[PDB]
Structures are given as C-alpha cells and as structure tokens.
Amino acid sequence: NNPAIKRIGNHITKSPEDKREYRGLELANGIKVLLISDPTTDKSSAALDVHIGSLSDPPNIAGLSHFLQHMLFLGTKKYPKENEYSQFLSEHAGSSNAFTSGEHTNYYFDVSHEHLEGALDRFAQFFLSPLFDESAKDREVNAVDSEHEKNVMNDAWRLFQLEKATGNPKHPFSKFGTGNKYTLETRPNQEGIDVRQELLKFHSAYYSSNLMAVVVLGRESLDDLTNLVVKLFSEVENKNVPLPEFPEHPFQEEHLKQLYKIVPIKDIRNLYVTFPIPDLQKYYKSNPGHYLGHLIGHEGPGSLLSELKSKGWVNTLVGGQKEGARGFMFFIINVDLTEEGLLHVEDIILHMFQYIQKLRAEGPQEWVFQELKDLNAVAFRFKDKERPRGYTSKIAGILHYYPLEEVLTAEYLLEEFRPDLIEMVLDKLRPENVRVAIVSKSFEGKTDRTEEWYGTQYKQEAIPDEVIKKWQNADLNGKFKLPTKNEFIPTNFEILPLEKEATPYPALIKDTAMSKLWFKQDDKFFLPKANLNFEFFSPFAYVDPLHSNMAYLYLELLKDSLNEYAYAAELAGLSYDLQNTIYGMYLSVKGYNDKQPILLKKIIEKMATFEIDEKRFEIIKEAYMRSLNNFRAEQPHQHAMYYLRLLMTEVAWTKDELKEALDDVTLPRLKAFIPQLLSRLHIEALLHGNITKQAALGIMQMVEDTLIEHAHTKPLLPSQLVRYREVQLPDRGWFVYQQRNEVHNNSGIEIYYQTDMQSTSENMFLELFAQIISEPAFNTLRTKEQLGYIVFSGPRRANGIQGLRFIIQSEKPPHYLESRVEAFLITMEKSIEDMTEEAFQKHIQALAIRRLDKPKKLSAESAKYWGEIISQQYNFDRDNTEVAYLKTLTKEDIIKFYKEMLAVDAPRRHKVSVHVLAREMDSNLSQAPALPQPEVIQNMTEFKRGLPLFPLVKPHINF
Amino acid sequence: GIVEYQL
Amino acid sequence: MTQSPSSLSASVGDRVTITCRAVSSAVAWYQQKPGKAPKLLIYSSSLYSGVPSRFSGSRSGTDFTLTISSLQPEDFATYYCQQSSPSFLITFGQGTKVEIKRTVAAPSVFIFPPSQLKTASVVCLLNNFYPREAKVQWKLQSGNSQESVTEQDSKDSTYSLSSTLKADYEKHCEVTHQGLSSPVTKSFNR
Amino acid sequence: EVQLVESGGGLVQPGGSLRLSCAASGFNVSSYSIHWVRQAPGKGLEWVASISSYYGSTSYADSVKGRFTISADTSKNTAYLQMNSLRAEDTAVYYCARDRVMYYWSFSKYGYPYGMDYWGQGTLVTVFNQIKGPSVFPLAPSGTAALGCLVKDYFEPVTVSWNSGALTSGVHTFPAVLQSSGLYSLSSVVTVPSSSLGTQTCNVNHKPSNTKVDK
Ligand SMILES: [Zn+2]
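Chains as they are written, first to last, in the numbering used here: chain C, 1 to 959; chain L, 1 to 7; chain W, 1 to 190; chain Z, 1 to 215.
Keep in mind that the hints were calculated from the coordinates and are not lab data.
Where is the CB? At the ideal position from N, CA and C, for every residue including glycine.
Heads up, some of the hints might be wrong.
What the hints assert, rightly or not - Below are the DMTMM-like pairs computed for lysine to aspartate or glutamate, each with C-alpha atoms no more than 20 angstroms apart in a straight line:
#, chain 1, residue 1, chain 2, residue 2
1, C, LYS516, L, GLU4
2, W, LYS118, Z, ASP62
3, W, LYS36, W, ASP63
4, Z, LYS43, W, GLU147
5, Z, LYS152, W, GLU147
Claimed, not checked - With beta-carbon atoms standing in for the labels, derived distance ranges:
#, chain 1, residue 1, chain 2, residue 2, range
6, Z, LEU178, W, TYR169, 45 to 53 angstroms
7, W, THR103, Z, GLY9, 25 to 33 angstroms
8, C, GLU366, W, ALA22, 12 to 20 angstroms
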C-alpha cells in the first residue's frame with residue numbers, strides 16, 4: 001500500500017477496560033509509531049523519543065545533548081519566531097516539556113483536540129530544521145547554567161554524579177550530563193569552538209529518524225492519525241545511526257570492593273550498597289531482577305528490613321535493579337541509618353549477605369513469582385486511565401525496547417517463570433563485587449578528595465579483605481524467612497449496579513454533631529476501587545508548637561508500627577496515607593474496594609489503641625529533629641513560599657519554634673496527649689467509588705463505634721470548628737519580609753498581589769489574567785532576560801482568599817527581580833489594550849478548555865470533591881458555573897480589574913514580598929516604574945496584629 | 001520496597 | 001533414570017498412565033514415532049503447544065506420571081521421560097512403548113529346510129499372532145540362535161516371529177503359545 | 001519458521017573421523033543451547049553432547065568424552081559434532097535439538113527440564129569393517145502356504161520387495177539381526193494361498209556393495 005509505511009503491526013494488546021483504540025506502525029524512514037484514538041479526549045497529545053542521551057556528548061562539550069534539547073524549542077526555519085511553539089500551545093489550552101537521560105531525549109506536549117495538527121506540525125519541525133539561533137544560544141545557556149546551579153547543593157545530584165566519578169574515567173558513564181555556563185560557553189570560547197555548528201552537527205549526526213519513536217493521541221480516527229503522521233514525519237531524514245551500546249562495565253575490578261565515605265549538605269545518614277550486573281533488559285518477561293528485589297526489599301515479617309529495623313540500625317530499605325544503560329545495570333540495597341546504625345555499618349551489610357544466602361539456601365520459589373505475575377495482571381486489567389500528556393511520553397520511550405504489539409503490556413505482564421535466570425543474578429550478589437558508600441557529616445575533615453563538578457567531599461578506601469570474607473562466610477540468620485502468602489490479594493472485582501437514587505455530585509447522607517459523611521457512587525470509571533477520605537478535627541492538634549510536634553510524632557509512630565502489616569496490602573493494590581494537618585489528622589485509603597474495610601479497622605483501632613515503643617519513639621523523634629534542621633538546605637524559592645504562608649496565616653508555627661519545643665517532648669507527655677486528642681473529634685468524610693449508600697454509612701458508623709469504644713470520643717461543639725483566616729492587606733500598601741538562605745548561592749522571591757475574597761467574579765478575573773500573562777511571563781522573564789531557570793506565574797489560593805503571585809529563583813538580587821516584574825506588568829497591560837478581540841477570546845476559550853477537562857482516574861475526581869470539602873466551599877458544580885461566567889468577560893472588564901487591583905498605582909493594590917537572599921549577598925530592557933517605599937516586616941507576630949483578618953468564604957450549601 | 005526539566 | 005512399564009498395551013479410548021522415576025525435581029516428556037524425530041509433549045506439569053489436552057503431567061512425590069485420558073489411534077508410540085540436571089546434563093529414560101491391545105490369536109506356524117548353502121540354516125515362522133509373548137524350542141540347546149520379532153501389522157495389529165537356526169546337520173519345532181490349545185508342531189527331518 | 005538440518009552422515013570406521021553439522025534456521029545459536037541426541041538401532045535415546053553458545057560452556061556424556069567434541073559457529077548458525085575416534089557403539093541416528101527457552105543458564109545448580117521444541121530429522125552414521133553383498137538362500141512351501149526369501153550375510157539396511165512391489169499383502173520383512181559372525185541376516189516371508197501353485201511369478205537390494213539379487 002503506502003510507500004511511506006514499512007509495516008503495520010497486529011492488534012496492540014490492551015486491557016479489556018481500555019476503551020481507547022491503538023494502532024502501531026513503522027515508517028519508511030524507520031520511525032516506530034503508535035497511534036492512540038480517544039474520541040472523548042479534551043486535550044490531544046503527542047510525543048517523540050530519540051534514543052540518544054548525554055552518554056553521547058562530545059568529550060569536550062559536556063551536556064551538549066541537554067543543551068540541544070533547550071534549543072529546539074526556540075525556533076525552526078518553518079516557524080522562525082523564537083516563542084512561536086510555546087505561544088501557540090498556551091493560546092490553545094496546551095503545555096510542553098522535555099528531558100534528557102543517559103540514552104534518551106524525550107519531547108512531548110498536549111493541546112486542545114481541535115488543534116492537534118497545528119501543534120504537531122510545529123512540533124515536527126524540531127527535527128527537520130532547527131534554527132539554533134546564536135543570540136538564543138548565548139541566552140538559553142544561562143538557563144542550563146541556572147538549572148545545574150539549583151542542583152549543586154542537592155544531596156541527590158551530588159551522589160548521582162559521584163557514583164559516575166568513581167568509575168572508569170574514560171567510560172562514557174563518567175560524563176557530566178547537565179552542562180553549565182563553563183562547558184557550553186566559557187571553555188568553547190577559550191578553545192574557540194563554534195558551539196552553534198557543534199549543535200548543528202550533533203543534530204544531523206544523531207537525530208536520525210532511525211533512532212526515533214512517535215506516539216500521537218487525538219480525537220481523530222486511527223486512519224486520519226496515520227495520514228497526519230506520514231505527512232509530517234516521513235520526510236525526517238534517515239542516517240541509519242547504530243544504536244550506542246556500552247557493553248563493558250564502568251565498574252571493573254579496581255573499582256570493586258571499595259569503600260566510600262561522603263560528606264553531605266543535609267544532616268543525613270545513608271548506606272549505599274551496590275552490585276554490578278549485566279543488562280537484564282532482554283530477560284524482561286521473566287524479570288529476574290524484579291523478583292530478587294521484591295524479596296530483598298520486602299518490608300513484611302521476616303524481611304531484611306524487619307530485622308535491621310527492630311534492632312534500630314535502619315528505618316527504610318530499598319532494593320532491586322538499577323538501570324545504567326544498554327550493556328550494564330546495577331543491583332542496589334540502600335538504607336536509612338540511625339545514630340546506632342552508623343557505628344555498625346559492616347554488621348548491617350553482614351545481615352544483608354545473610355539474607356542473600358537465605359535466598360540461596362532455599363533457592364528460587366515459583367509461588368512467589370506466580371502471585372507477582374497474578375497481581376500485575378489485575379493491576380494492568382484495572383489500570384487507571386492515564387492523562388494524555390504523560391501517556392504518550394511514557395510509551396514513546398519504551399517504544400524502542402519492545403515490539404509494537406507489546407508496548408502497553410510489556411512492563412506489566414510476566415509470562416514464563418525462569419528460575420535459572422534468577423540464579424544468575426543472585427550469583428552476582430557476592431561480597432567480592434560489593435561497592436559501599438556511607439553518607440554522614442561525621443566525615444567532615446576526614447577526606448582527601450573532591451568531586452570536580454559539585455565539590456562533593458569524600459574519600460576512597462579499600463574494604464579490608466579482612467572484612468570481605470566475614471561477609472563471604474555469612475551464617476544463616478534465624479530471623480530471616482521468606483514472605484508468607486499475601487492475604488490482601490483482591491478476589492471480588494464485582495462492580496455494584498448504579499443505585500436508583502445515585503447522584504452526579506457527592507451528597508450529604510449523614511449529618512450529626514460528630515460526623516458529616518459525603519458519598520458518591522462511581523458512574524464514570526467503573527473499576528473495583530474506592531476512595532476513602534477522612535479528616536479528623538481537634539483544636540488540640542495545633543493550639544501550640546508543643547501539641548503540633550506531638551501530633552506529628554503520634555502519626556509518624558502509628559504509621560511506623562502499621563508498616564510491616566500494611567506492606568502486603570500496598571503490594572495488593574491497597575494503600576493508605578495518614579498525616580497531620582493544621583486542623584488535626586488526615587486519613588486517606590485508596591485501592592481495590594475488596595479488603596478496604598479490613599485495612600481501615602486495623603488503622604482506626606490501632607490508632608485508638610496505640611502502645612508506644614519508646615525505642616522507636618526517640619528514633620523517630622531524632623529523625624524529626626534533623627528533619628526540622630534540614631530545612632536550612634532547601635531551595636531559596638521554597639523558603640520564599642514558606643515565609644509567605646507564615647505571614648498571611650492567622651496562626652502558624654515556624655520551624656525554629658517547633659524544634660525549640662521538640663526537646664520538651666517526652667514519652668509520658670506524648671501518651672497523655674493521644675487520648676486528649678482523641679477525646680473530642682469531628683469527622684468529615686468523603687467516600688467515593690465502588691460502594692453503595694448503606695455501604696458508605698456502614699463504613700462511617702464502623703469508624704465512630706471504634707473511636708467511641710477505645711477512645712471514648714465525644715462530639716465537638718460547632719463553636720469549636722473554627723478555621724484560620726488570611727491576613728488582610730491595606731490598600732496601596734507594600735510589605736517586604738527578608739531572610740537569607742545559608743546554603744544555596746542563589747536568591748529567591750515571591751510577590752503576592754492579594755486581590756479579594758474568592759468569588760465567581762473575582763476568581764475568573766484572576767484566572768483569565770493569569771491565563772493571558774501565562775506564556776509572556778516565561779518568555780519575558782526567562783527566555784529573554786534570563787533571570788533564572790525557575791520562573792513561575794499564576795493564582796494563589798489560601799484560607800478563602802486569592803491573588804496573583806510571581807516566583808523566581810535567580811542570582812540577581814531580589815530587588816532587581818522586583819523591578820523587572822513590575823516592568824513586565826506594564827508590558828502586559830499595554831499588550832492587552834492592543835490585542836484583538838479574537839485574540840482575547842482565543843484566551844477565554846483556552847482557559848475554559850483547561851478547566852472543563854474531565855478527570856481520567858477515580859482519585860483524580862475524588863481530589864476535586866475533597867478540594868471543595870476541606871476548603872468548605874462545597875461548590876461541586878464550580879467548573880460549569882464559572883466557565884459560563886468567564887465567557888461573558890470582555891477586554892475592559894479585565895483592564896478595569898487591572899487598574900483597580902494590580903496596577904503599580906492601583907487604588908486597591910495589596911502587595912507583599914518575600915526576599916530570600918543568597919548565601920553570599922548584602923543589604924535592551926523596558927524601564928521599571930518608580931516603586932513606593934516598602935514597609936519592612938521585622939517581626940511576624942506584630943505584622944499580623946496591625947492588619948485586619950479576612951472573612952471566611954460562605955459555604956455554597958446551607959446546612 | 002523496591003526501586004522506582006531533565007532527569 | 002528407570003522408567004516402568006517397559007511396554008504397555010491398551011485399546012483406544014482407555015486411560016494410560018506411564019511412570020518415570022528419580023537430583024533435580026522435574027521432568028519432561030517426549031513422543032517418538034518409529035523412525036522419525038521425537039516430538040515434545042510436556043515440560044516442567046504444563047504441556048507444549050499443539051499437544052492435545054488429553055495429555056497430563058503429574059507428580060506424586062518422587063515419581064512423575066504421563067497420563068493419556070482418552071487414548072487415540074494416533075497416540076500409539078514410544079514415550080521417553082527426560083530429566084535435566086546440574087552441570088548442564090541431560091538424562092533420558094529407556095522409554096515406554098504403547099501398543100495396541102486386541103483379541104488373542106493363534107500363530108500360523110511353519111518350518112523350512114536348508115540352490116542350497118555351502119553352514120546350516122533352518123527357519124521357524126510364527127505368523128500373525130497376539131499377544132507377542134511366545135516360546136520356541138527346537139528338536140534343543142543353549143544360545144544357538146537369535147530370534148526376530150516384527151512390529152504390529154498396520155491392518156490386523158498382529159505380530160510375527162522368526163526363530164533362526166553345520167556340525168550336527170546331515171547327521172540326523174514345537175511352539176508353546178497362549179492362543180493355541182496345546183504346543184503345536186510342524187516337523188520335518190531328513 | 002524454525003527448523004534444524006543435520007549433515008555429514010555417512011559410512012566410516014574406527015580410527016577415522018567424522019563431523020556432523022547442524023544448520024540452524026529461524027533462530028540464532030547465539031541464544032539457544034544446541035544438543036546432540038543419538039539413538040542406537042532398536043534401543044532408546046542417549047544424550048551425547050550439549051553446547052550453550054551464549055554462556056560458552058559445553059557438556060558431554062560419560063559414554064563419550066575423549067572421542068567427541070562439540071562446537072558452535074555463531075554467524076553461520078551451525079553447531080558441529082567432531083567424532084574422531086569411533087567404536088561400533090557409535091553407529092546410530094544423530095539428532096540436533098535446541099532449547100525451547102532463550103539463554104538457559106548452564107551453570108545452574110538446579111536442573112530445569114524446559115522442553116526441546118525443535119529437532120532435526122537426523123543424519124545416520126554407520127561404522128563398518130566390511131561391506132559385503134547379501135547371500136540369498138530360498139525357502140520351500142509344502143489353505144495358505146508361506147513363501148519367502150532368506151537374506152543371510154549382508155552388511156546395513158537391505159531393501160526387499162516382491163514382484164516390483166506389486167505384491168504387498170503378507171510382505172512381513174523381518175528386522176535384521178546381527179549374527180555373532182559380525183554379520184547381518186534377516187528373512188522376508190509372505191503368505192499366499194495353497195491354490196497359487198501355478199504360479200504367478202523376492203528382490204533383495206543392498207546398495208553399499210551394489211548388490212541387487214533376484215533368487
Ligand atoms: Zn534542562
């Protein structure tokens with residue numbers, strides 16, 4: 001048939017619940033394509049994955065592949081305007097994003113289903129002929145430099161690059177993947193390298209259609225999607241570039257049996273055990289790596305962790321295989337260290353090898369593999385509908401490793417149990433291959449070496465072959481036993497018929513003094529899953545810094561005890577998260593509705609009857625101590641968001657105030673607090689999914705009767721159900737709170753333009769304005785001025801009040817970031833008065849499409865309802881009401897809103913700024929307006945007292 | 001448990 | 001290693017059970033028609049593709065059993081059990097030949113005298129009988145002679161035997177079989 | 001599709017060498033392990049050799065270790081069986097077969113009998129000291145009368161038919177039995193009625209010695 005089509009694969013195996021339709025094909029120029037047709041999709045999406053990563057960088061220009069990723073967005077010869085691509089998506093309810101791994105460079109986007117072609121056409125040009133404009137090159141190089149800059153003090157990246165640095169220096173694995181201003185601009189200017197043609201040469205040499213894979217998802221039929229792809233991608237040239245494989249391992253003999261001691265930025269204690277293994281990619285169907293991991297990294301009774309934790313050496317454990325590249329992989333066992341654990345590191349590793357030998361003594365087990373295979377089958381069958389944008393990216397990446405007919409099922413289903421392969425991998429997990437790394441600040445001043453790229457303080461030793469054979473002669477431990485049978489494996493996948501009196505939105509089926517139960521039977525997804533959400537309210541949770549700490553430790557200790565039990569449930573697709581809020585506790589249970597009532601009770605009555613292990617108590621507490629202290633090493637832009645929330649909230653305890661009162665937290669004071677907390681509660685719940693009305697009423701009534709029995713819980717007064725308000729800023733005012741991040745060498749800033757209380761009128765005023773300034777904010781502040789890699793714009797919502805906020809991380813002082821934003825805001829208003837009515841209407845429809853997008857997953861829908869519940873506005877039909885109002889707005893409705901609320905000389909301008917200074921800081925463009933003199937907040941407590949407190953938003957429904 | 005702009 | 005029974009005989013539709021015996025803890029099964037390559041039946045309980053569901057793979061302790069639920073006329077062959085062991089080794093069994101069971105029949109027995117030789121050769125024929133078991137002795141001594149038996153005829157499913165047999169000749173055949181009333185004899189001596 | 005082809009089967013004798021080749025088609029020897037299974041005349045199956053081209057380890061049977069050698073050629077997709085010093089026991093039919101699964105770990109401490117889904121049709125090796133032509137003595141008939149031929153002293157498969165194969169009812173050609181003279185000898189009888197003493201008019205055939213006897 002088609003000359004542009006090499007072949008068309010057979011039926012793409014999918015889940016029977018999947019109502020999308022799939023067609024796989026391969027183009028003449030070698031591009032593997034998967035077409036997904038979903039006539040319901042509001043946001044059409046597409047993605048392309050090139051099988052070339054940062055392992056293929058030129059030895060001199062580190063991270064050239066990463067740099068090229070950034071540059072493809074900034075223009076092609078067909079669409080020459082620098083921000084043509086980004087502007088188009090933003091004007092049609094779409095977004096875009098990309099990344100560069102060791103072997104892949106993945107690009108993706110979504111867009112309104114009516115404009116799939118218009119975006120795909122511009123997206124296709126990325127590989128045909130990119131401009132690689134030099135003025136854009138010398139600007140965007142700072143974005144890469146700033147992107148790497150925010151990671152220099154990140155303990156994760158410092159360790160990730162260190163592992164690469166302690167291997168064979170000439171193996172591509174030791175390369176610097178990110179790149180910076182030094183490798184891209186500074187050095188190539190010294191040595192005299194034309195960076196632009198180095199880019200152009202890399203594109204024609206590696207971005208061949210041979211190594212590409214395209215996934216397109218649209219409302220269009222499978223046949224029309226075929227025509228669309230062969231029109232825009234069949235022209236992409238083919239260089240027949242061989243797929244880069246790296247057979248020889250980066251970790252050879254001289255790198256083995258080596259001990260590393262590393263100084264971190266945070267106060268953390270970690271033990272990193274690693275083994276070199278062959279590329280187990282081709283054995284993916286038996287999957288021996290996942291098998292060995294599942295048993296090692298197990299957290300149930302008799303596991304490696306359950307012993308290493310019950311004697312207080314480690315709290316968390318992670319095992320399994322780690323992808324390196326085509327030709328080599330790793331097998332790792334990473335653990336958290338306690339204060340006592342750090343001293344007994346070599347005995348931890350002993351217990352590791354004692355467990356490895358236990359698997360060797362009993363050999364492979366088919367029943368273990370079978371229930372893994374079984375659970376994966378159920379997991380795949382009832383797989384939640386993925387969001388179009390993330391779906392096409394995920395598939396396009398694995399569209400290389402697998403046949404067309406297997407791509408959806410390849411990494412889920414397992415077919416033939418192969419114990420012989422399980423033996424092989426386990427055979428490589430022996431002491432003569434171990435690579436140990438200890439991360440603690442007890443090594444400061446005890447190091448020789450420094451990692452070049454990050455400045456990581458460490459040193460390389462040789463594991464005494466003294467110690468090696470003690471590990472080799474590991475005696476079989478008696479406390480190590482293989483997992484028992486999983487009782488939490490779901491059997492009843494029955495979908496209960498939609499009740500006669502069912503409702504489109506959650507309904508209040510129970511309303512007492514103690515409970516307020518919201519219920520809605522699932523009508524859109526029809527999977528055997530339920531979402532159980534509970535909020536327990538009690539004024540004694542956050543009345544002072546002391547009770548706040550104890551509420552945290554209480555829930556942290558409760559989760560710690562349930563961990564062994566609840567682990568088998570999580571594997572069986574049934575999970576829960578329990579955490580403390582500023583109003584009490586939050587309990588969420590998600591997964592298969594079969595054995596939910598089982599887990600829910602084992603949570604509640606365990607919660608009402610807690611029996612604190614004080615051994616654990618001071619370990620968790622000690623971890624909490626370092627947790628609060630480690631906030632000093634967080635990102636500057638995070639410190640900004642943290643301070644603003646502290647400023648604008650009626651009551652909020654600081655990190656310092658908490659760790660100050662943490663020393664006052666003793667065990668008897670804590671167990672005098674738990675019944676005090678559970679003495680009087682108010683429970684507001686949302687039960688959503690595969691449950692009937694009396695099923696939900698039975699679930700709630702069961703929760704109460706457990707608390708009423710084991711805690712003697714009684715109802716709270718309606719008077720005591722008070723929620724915190726937001727500080728009301730004065731007209732024409734400006735406040736500035738300034739601090740300094742001691743760790744990061746970058747600055748941070750958040751600029752909150754408080755507008756008014758939340759309402760249909762005010763919300764769509766703000767949301768539309770944020771929609772219009774959405775792309776230009778990124779284009780002006782980052783693409784052009786290059787203030788920083790992190791530039792964010794959008795609405796802020798807290799305690800029923802809203803406003804417009806800017807967030808920028810930079811190396812410029814925050815006061816300069818201040819001016820450039822204000823200069824940009826005058827640039828925007830002038831851009832509004834001058835844009836066409838059809839341009840303005842083009843923005844309205846975009847915002848409408850973005851907010852009418854239906855949830856794909858069950859929990860996705862539950863989130864919105866719960867969002868209307870905890871905010872206590874209960875506007876369940878919010879999206880329809882406010883979009884209808886949105887389309888009635890005109891240009892001067894927005895202009896008048898700007899001149900009144902946001903303008904530099906607006907009568908009702910409410911502005912507050914947070915200035916986080918860098919570690920070392922003191923004190924062509926449009927011209928910034930003259931700013932009023934800012935009132936500097938010196939004390940937060942006195943700040944709040946001077947200003948009024950906003951009202952609380954009235955509930956949409958009267959009770 | 002087991003294992004799970006740019007990377 | 002050791003596989004019993006050595007031979008088996010049942011009519012079509014019957015239930016046949018063949019037992020292999022044992023170290024590894026599993027076995028495979030192969031079917032081989034006379035003359036041509038062996039076909040795979042069962043590997044690991046689970047059976048190979050294309051193989052009819054009448055074939056079963058069972059294991060009770062130390063013995064493994066191949067079971068044909070409803071025997072078919074195309075299932076009459078020799079079945080070998082194969083064990084894979086450590087050190088990349090492979091061991092087969094001596095095999096079990098499954099034959100066709102039918103009504104007992106009497107052998108048409110003849111005899112023949114020694115152009116000529118020039119070294120004495122006389123033949124004792126036993127044609128078209130069932131079962132295969134028979135006893136042939138001569139007018140007799142020890143290990144003077146090989147005895148040859150054919151496979152079951154393609155039409156009547158019967159056998160045929162020829163007991164072979166110059167120091168005593170020119171100086172001077174009772175068959176005791178089940179299907180006969182009493183040992184018959186064709187006797188010619190010159 | 002998958003298929004295996006054996007070659008190199010012929011007539012050879014102690015002290016001499018012979019090399020059987022297993023042409024693999026439809027897959028790579030690189031992944032699957034290749035086996036050599038021989039079957040002696042009349043007796044069961046005996047596993048001779050096995051090679052894993054991936055993990056590069058071979059395995060031989062105790063019956064033959066010093067005399068045979070297995071090998072695998074990767075790019076031509078062929079496994080060989082070098083047989084350089086032969087006994088009379090080696091006279092058999094040699095099949096080549098593969099694993100049903102890919103990358104079977106040879107160094108496994110446990111044994112995992114995955115099947116061998118694809119076999120070749122095998123080549124015949126025959127080890128001989130002499131090639132002689134069949135001496136053919138007749139036999140005399142005295143309701144039905146059994147006639148026939150005697151093929152004594154030939155050496156290995158002899159072809160016997162009756163009247164150009166126009167007579168196929170009762171043609172019980174007995175299996176050959178190795179005499180202790182180191183010689184083969186069978187007899188081919190056929191039943192007719194006692195009313196064909198008329199009559200309507202045995203052809204022994206043994207091509208290794210070009211013998212086509214009609215007695
Ligand atoms: Zn980047």
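Q | Hints violated by the structure (numbers, ascending) | A | 1, 2, 3, 6 and 7
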